[PDB]
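2 protein chains.
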Amino acid sequence: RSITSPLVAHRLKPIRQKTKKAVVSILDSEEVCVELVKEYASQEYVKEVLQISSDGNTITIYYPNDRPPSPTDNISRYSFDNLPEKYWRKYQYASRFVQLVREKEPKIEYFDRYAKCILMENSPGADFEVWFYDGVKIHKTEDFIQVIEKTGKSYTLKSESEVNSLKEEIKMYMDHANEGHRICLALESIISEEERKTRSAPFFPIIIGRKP
Amino acid sequence: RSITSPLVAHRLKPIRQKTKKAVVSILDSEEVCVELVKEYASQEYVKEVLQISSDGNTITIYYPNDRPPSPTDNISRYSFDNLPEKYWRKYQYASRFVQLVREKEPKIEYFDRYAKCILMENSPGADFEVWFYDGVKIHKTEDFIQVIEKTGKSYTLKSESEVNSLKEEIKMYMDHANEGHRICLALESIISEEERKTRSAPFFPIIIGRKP
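Going line by line, the protein sequences match chains B and A.
Going letter by letter, the first sequence gives residues 3 to 67, 76 to 222 in PDB author numbering.
Going letter by letter, the second sequence gives residues 3 to 67, 76 to 222 in PDB author numbering.
Treat the hints as calculated values from the structure; they're not laboratory data.
Built from N, CA and C at the ideal position, the CB exists for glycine as well.
Mixed in with the good hints, there may be bad ones.
As the list claims (entries may be wrong) - Listed next, the in silico DSSO-like pairs over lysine-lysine satisfying Cα-Cα at most 27 angstroms (straight line):
#	chain 1	residue 1	chain 2	residue 2
1	A	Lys15	B	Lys221
2	A	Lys207	B	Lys126
3	B	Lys126	A	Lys221
Said to hold, decoys possible - With the Cβ distance kept under 7 angstroms, some of the chain A side facing chain B (calculated, not the full set):
#	residue
4	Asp122
5	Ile200
6	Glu204
7	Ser210
8	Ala211
9	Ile217
10	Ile218
Model the full structure from these sequences, guided by the hints.
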């Protein structure tokens with residue numbers, strides 16, 4: 003708990019990503035599995051299966067001795091708080107993969123007067139992309155802001171301290187982009203509060219308005 | 003006002019519906035024009051143009067003596091409340107045209123556990139269509155409820171004694187549709203309440219969730 007936040011894979015599209023360290027996948031049930039694989043002879047196979055619940059709270063490990079291996083009798087279960095030092099690095103690897111996905115998949119896609127405002131799933135501090143209808147793009151991250159001109163020229167900035175030195179050509183775009191970012195954030199809280207009151211379908215992702 | 007409610011053409015797609023009596027169209031400015039047409043020589047033309055504001059409150063009529079002609083000096087203006095008996099019938103013609111459009115264009119398109127719930131623009135009492143993933147359809151109007159079974163059989167319900175005559179197989183569907191209806195209406199009110207506070211682009215139409 004002291005190293006990383008719980009893995010949350012709510013509302014993510016299913017995917018099976020094969021990497022050099024392990025094969026990590028998001029299931030249709032929103033659970034995340036990491037398959038530890040080892041090379042042998044002319045065909046590799048699975049050595050250990052780590053399955054993390056969609057909220058990151060419950061972890062099960064099994065191995066019966076391109077699809078998820080079936081559950082077996084040789085299965086152990088731990089809670090997030092009671093995760094051993096073994097599997098510690100493995101959980102974080104799965105978390106990194108999930109963040110890589112949450113950073114790209116949108117949560118609120120809002121079409122305003124001048125741009126397509128996209129609020130990403132990787133909350134808190136969720137990434138926010140503003141695609142202006144004129145070709146200009148602003149990409150807001152928690153750490154930095156990327157600004158791209160219509161001609162393909164681009165540059166990165168960092169923070170509020172740079173505002174009083176910003177050219178008007180960008181400042182007007184930014185004044186709007188921050189208004190759009192506020193609106194998406196305001197709606198997220200407003201709808202999320204309504205979502206929590208009803209045991210029903212999720213209310214995300216949402217699309218507001220239509221592109222012109 | 004005692005005859006019809008004001009014409010409202012907010013958030014509607016542009017359209018030009020041509021008849022042999024008049025041409026009624028929705029502009030990209032959300033204004034609605036009715037062009038009175040008469041046959042002339044080898045090419046028919048417009049004799050009088052009536053322009054209704056997007057909220058139905060302001061009506062202007064002009065004619066200087076395939077799109078609306080530019081405004082002229084021979085123009086008169088009325089408010090909705092003091093609209094003369096002359097041209098009264100034309101306002102109603104445009105009003106019914108807009109309602110036909112508002113009845114079909116969606117406002118909230120919500121994907122729940124079992125159906126695609128569509129809340130239409132023709133508020134108050136907006137039509138609500140529930141398209142179940144298994145093929146069952148329930149169409150709720152202010153006046154009646156139409157139920158279409160998965161096998162193609164269909165019937166309408168006009169009174170409670172008929173609603174309570176439904177098979178339990180269908181009552182389960184109707185109970186679900188009513189919960190979907192409540193949620194869409196609750197969100198419609200909640201978002202509208204936020205929309206009224208924000209000097210920005212409209213917050214409708216919206217899509218909630220993704221088809222499974």
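Each hint tested on the structure:
1. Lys15/A <-> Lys221/B: holds (12 angstroms)
2. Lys207/A <-> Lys126/B: The hint holds at about 21 angstroms.
3. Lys126/B <-> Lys221/A: Judged against 27 angstroms, a Cα distance of about 22 angstroms means the pair holds.
4. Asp122: Holds, about 4 angstroms.
5. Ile200: Holds, because the Cβ-Cβ distance from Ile200/A to chain B comes to roughly 6 angstroms (cut-off 7 angstroms).
6. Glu204: Because about 6 angstroms separates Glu204/A from the closest Cβ in chain B, which is inside the 7 angstroms limit, the hint holds.
7. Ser210: holds (6 angstroms)
8. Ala211: Hint holds; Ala211/A Cβ to chain B Cβ min 4 angstroms, cut 7 angstroms.
9. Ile217: holds (4 angstroms)
10. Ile218: This hint holds: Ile218/A lies near chain B, its Cβ roughly 5 angstroms from the closest one there, short of 7 angstroms.
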